[PDB]
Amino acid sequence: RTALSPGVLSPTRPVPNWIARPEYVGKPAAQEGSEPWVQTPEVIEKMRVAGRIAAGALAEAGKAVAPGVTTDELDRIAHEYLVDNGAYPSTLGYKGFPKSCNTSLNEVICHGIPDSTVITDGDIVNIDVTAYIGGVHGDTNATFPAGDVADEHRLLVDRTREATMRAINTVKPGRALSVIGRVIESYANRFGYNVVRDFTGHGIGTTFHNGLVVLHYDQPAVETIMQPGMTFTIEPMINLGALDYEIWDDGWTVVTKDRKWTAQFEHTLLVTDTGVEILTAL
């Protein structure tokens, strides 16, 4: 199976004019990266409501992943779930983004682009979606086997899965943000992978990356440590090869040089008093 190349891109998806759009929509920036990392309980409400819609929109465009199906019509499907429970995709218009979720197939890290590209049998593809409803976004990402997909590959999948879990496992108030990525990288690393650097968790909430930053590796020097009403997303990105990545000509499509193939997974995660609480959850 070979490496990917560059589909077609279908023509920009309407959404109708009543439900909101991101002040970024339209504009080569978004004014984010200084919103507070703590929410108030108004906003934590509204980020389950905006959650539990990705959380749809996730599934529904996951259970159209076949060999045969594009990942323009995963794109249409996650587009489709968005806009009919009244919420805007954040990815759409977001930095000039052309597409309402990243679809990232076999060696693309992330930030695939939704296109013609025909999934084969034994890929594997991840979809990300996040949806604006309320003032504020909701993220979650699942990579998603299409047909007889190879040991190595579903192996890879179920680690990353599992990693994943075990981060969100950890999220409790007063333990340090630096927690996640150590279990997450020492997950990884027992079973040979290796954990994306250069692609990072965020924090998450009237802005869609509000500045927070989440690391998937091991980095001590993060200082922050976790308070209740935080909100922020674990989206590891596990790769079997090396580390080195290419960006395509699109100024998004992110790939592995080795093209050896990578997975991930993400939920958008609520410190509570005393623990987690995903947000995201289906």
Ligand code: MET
Second form
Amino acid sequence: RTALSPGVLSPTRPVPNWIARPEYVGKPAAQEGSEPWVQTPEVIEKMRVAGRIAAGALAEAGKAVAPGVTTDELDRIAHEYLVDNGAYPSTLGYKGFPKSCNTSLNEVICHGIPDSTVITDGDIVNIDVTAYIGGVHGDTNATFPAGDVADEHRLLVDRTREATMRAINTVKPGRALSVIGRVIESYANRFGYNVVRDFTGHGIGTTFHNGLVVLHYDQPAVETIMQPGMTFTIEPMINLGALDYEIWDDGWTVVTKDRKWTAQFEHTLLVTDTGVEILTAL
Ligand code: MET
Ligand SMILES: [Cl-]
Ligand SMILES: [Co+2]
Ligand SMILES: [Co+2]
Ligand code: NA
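Counterpart to the form deposited without this ligand, namely the form deposited with this ligand bound:
All chains and molecules follow, beginning with the one already shown.
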């Protein structure tokens, strides 16, 4: 299997005018990074809607992953599901991003752009979908096997899913946020994998990325304590090889320098009065 290189994009996909756009669409930048981390009950309930829709789009696009399918096609499918459900694809026009989801194959860590790239037998394909509806965002991602995937890569996918779920299970009010990355890194190390450091989870709500950072490695110097009504993502990227990476000239696609493959899963979470709720649930 060759290393990937950039392909070419299809034209911007339309969205019905009556689906509300985020404030940033049609601007070079968004207004974000200073929003309260704790959401109102109003916003939380709206985030359940957005999260369900994003989860559905993810699942629909996932079902389409097969050898010979292009990553643009996956984007068409995600896009159409969002629009059929009255949601806007948050990534479309975000910081100029040209598509409605991110599609990251093999050595791509994250933020791949859907394009002419053809899925080859044996690939692993992350699809990352964010829905904006009712003035709020819901963000989820999963890595899917395409055709006859090697056991090594099947296990990498399955263990990254399980790392993510284990971390989710530790979310609790009154507990340090740092527990999340402790758990992920412990589980990744169990199976000799390496957790990506420079890319993190994030607070999300009325804005796509607020100032809250969720580390996916063990960093106990973080003092933040989880509180009820906080909303954020857990989205670890887990590598078979070294952490070193490059960013392509598109400014988005992040790739391992050694070209070994890497998997990711993501949910949007709520800290409740006593525990957690996965908002991006089918
Ligand atoms: C083009 S922005 C993609 C952002 C991504 N969905 C995230 O989880 O942050
Ligand atoms: Cl890193
Ligand atoms: Co995402
Ligand atoms: Co995210
Ligand atoms: Na990857």
